[PDB]
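Since the structure of chain C is provided, determine the placement of chain H on it from the hints.
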Amino acid sequence: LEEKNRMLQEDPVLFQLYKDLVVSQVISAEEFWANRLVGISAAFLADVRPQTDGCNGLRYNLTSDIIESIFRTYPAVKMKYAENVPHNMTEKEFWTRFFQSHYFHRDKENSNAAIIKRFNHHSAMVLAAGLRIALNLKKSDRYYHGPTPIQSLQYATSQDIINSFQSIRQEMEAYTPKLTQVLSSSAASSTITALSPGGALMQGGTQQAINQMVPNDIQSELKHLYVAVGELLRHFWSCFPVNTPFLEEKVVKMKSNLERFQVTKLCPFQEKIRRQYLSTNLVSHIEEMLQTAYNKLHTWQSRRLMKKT
Amino acid sequence: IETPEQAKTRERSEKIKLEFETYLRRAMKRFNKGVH
Numbered sequence: 111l112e113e114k115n116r117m118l119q120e121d122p123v124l125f126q127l128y129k130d131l132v133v134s135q136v137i138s139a140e141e142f143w144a145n146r147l164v165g166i167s168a169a170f171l172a173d174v175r176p177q178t179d180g181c182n183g184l185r186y187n188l189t190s191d192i193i194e195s196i197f198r199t200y201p202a203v204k205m206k207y208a209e210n211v212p213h214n215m216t217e218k219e220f221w222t223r224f225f226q227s228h229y230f231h232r233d296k297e298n299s300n301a302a303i304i305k306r307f308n309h310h311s312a313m314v315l316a317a318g319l320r372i373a374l375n376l377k378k379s380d381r382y383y384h385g386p387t388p389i390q391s392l393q394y395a396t397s398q399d400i401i402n403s404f405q406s407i408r409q410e411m412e413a414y415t416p417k418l419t420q421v422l423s424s425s426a427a428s429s430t431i432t433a434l435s436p437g438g439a440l441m442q443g444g445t446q447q448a449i450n451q452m453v454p455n456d457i458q459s460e461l462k463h464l465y466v467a468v469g470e471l472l473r474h475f476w477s478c479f480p481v482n483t484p485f486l487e488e489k490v491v492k493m494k495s496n497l498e499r500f501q502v503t504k505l506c507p508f509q510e511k512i513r514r515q516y517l518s519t520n521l522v523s524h525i526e527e528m529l530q531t532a533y534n535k536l537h538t539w540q541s542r543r544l545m546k547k548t
Numbered sequence: 167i168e169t170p171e172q173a174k175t176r177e178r179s180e181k182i183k184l185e186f187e188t189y190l191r192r193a194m195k196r197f198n199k200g201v202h
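Which chain is which? The protein sequence lines are C and H, in order. Per the entry's author numbering: the first sequence = residues 111 to 147, 164 to 233, 296 to 320, 372 to 548. Here the second sequence is numbered in the entry's author numbering, starting from 167 and rising by one per residue.
So here's chain C without its partners, still in its complex pose:
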């Protein structure tokens, strides 16, 4: 309850989506939520210091991360905290004792032995806490003619082509450069006319500002409906390919949800266009996708029936 509600508050669009899906009786909350569903270092004491501010300030800043690190590395601190805090002593009092205890300020053969033993024990605690095909092608010509289909490579006739090959071979054998014959004023005018704006080569031009034809609120609603449709169709195609009877029932439920979504949200949105008489066929894409899904499902039903005939 509280856990699920907090997720909705994190994503208002999801809450809007959840409102459009479950509140509108389009889908159940059960089917809704069916779709929805640190290292340890040795410096945890050396780096951690009592923070002294500019003027007499002990900013201990007792974060859980350091406390958890100490408890994992030192179960003794955990045991003392459990057996004392907050009954025998308060948590801040325990931390002050730890700061002032000789176990923290370890700082003479006995002292050297104590330091060595403490270092060895610390290393042991850290280590313990760390625990918890040759290929050969056949048809190379497939690469020479890949995804390109068979072109219309029309071949010439009999050896007379050679005569034509001779003709150019004789036509350009005695060649003189020409300048006037290269272009003419009529040819230039025709080329400009082809290149003139709005001409045969200049296809199309400026288009209509569809951004102003679609209201921004309608834009946002279209985006939200697109998100909803995409989620529903992702659930629909996720079942595909169908290999078990459960997928058939899930797809039937998804189709029912899509139909209810179209009835509840799409049509008043459609009327919202029709009342505003928007000429943009924004809904046409959504209708095409929905009809494509319907056709795919019905075709698979036909195939399964034929398999059952």
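Everything labelled a hint here was simulated from the structure, so no lab data went into it. No residue lacks a Cβ here, since even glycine has one placed at the ideal position from N, Cα and C. Any given hint could turn out to be false.
Here are the computed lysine-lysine pairs in the DSS-like style, where the Cα-Cα straight-line distance is at most 27 Å [to be verified]:
(1) C:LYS114 with C:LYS546
(2) C:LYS218 with H:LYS174
(3) C:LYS546 with C:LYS489
(4) C:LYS492 with C:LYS546
(5) C:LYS218 with C:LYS206
(6) H:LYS174 with C:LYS296
Taking CB as the label site, the calculated pair distances span [what the hints assert, rightly or not]:
(7) C:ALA169 with H:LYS174: 25 to 33 Å
(8) C:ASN308 with H:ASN198: 55 to 63 Å
(9) H:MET194 with C:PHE307: 48 to 56 Å
(10) H:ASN198 with C:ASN210: 39 to 47 Å
(11) C:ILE192 with H:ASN198: 54 to 62 Å
Derived contacts from chain C toward chain H, CB cut-off under 8 Å, selection only [said to hold, decoys possible]:
(12) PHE225
(13) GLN530
(14) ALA532
Positioned in the frame of chain C, the structure of chain H alone reads:
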């Protein structure tokens, strides 16, 4: 954790207060002995 200079000043203050308290105790004991 106090800075070492502040710790030394605190120790001096504690020592002076303890010495004055001992002096007051001595004066009180002398006064009580005299009264007795």
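Here is what the structure says about each hint:
no., hint, verdict
1, C:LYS114 with C:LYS546, "violated, 43 Å"
2, C:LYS218 with H:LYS174, "holds, 25 Å"
3, C:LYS546 with C:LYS489, "holds, 20 Å"
4, C:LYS492 with C:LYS546, "holds, 23 Å"
5, C:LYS218 with C:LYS206, "holds, 13 Å"
6, H:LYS174 with C:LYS296, "holds, 25 Å"
7, C:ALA169 with H:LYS174: 25 to 33 Å, "holds, 31 Å"
8, C:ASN308 with H:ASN198: 55 to 63 Å, "holds, 60 Å"
9, H:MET194 with C:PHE307: 48 to 56 Å, "holds, 54 Å"
10, H:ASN198 with C:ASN210: 39 to 47 Å, "holds, 44 Å"
11, C:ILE192 with H:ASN198: 54 to 62 Å, "holds, 56 Å"
12, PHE225, "holds, 7 Å"
13, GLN530, "violated, 76 Å"
14, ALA532, "violated, 70 Å"
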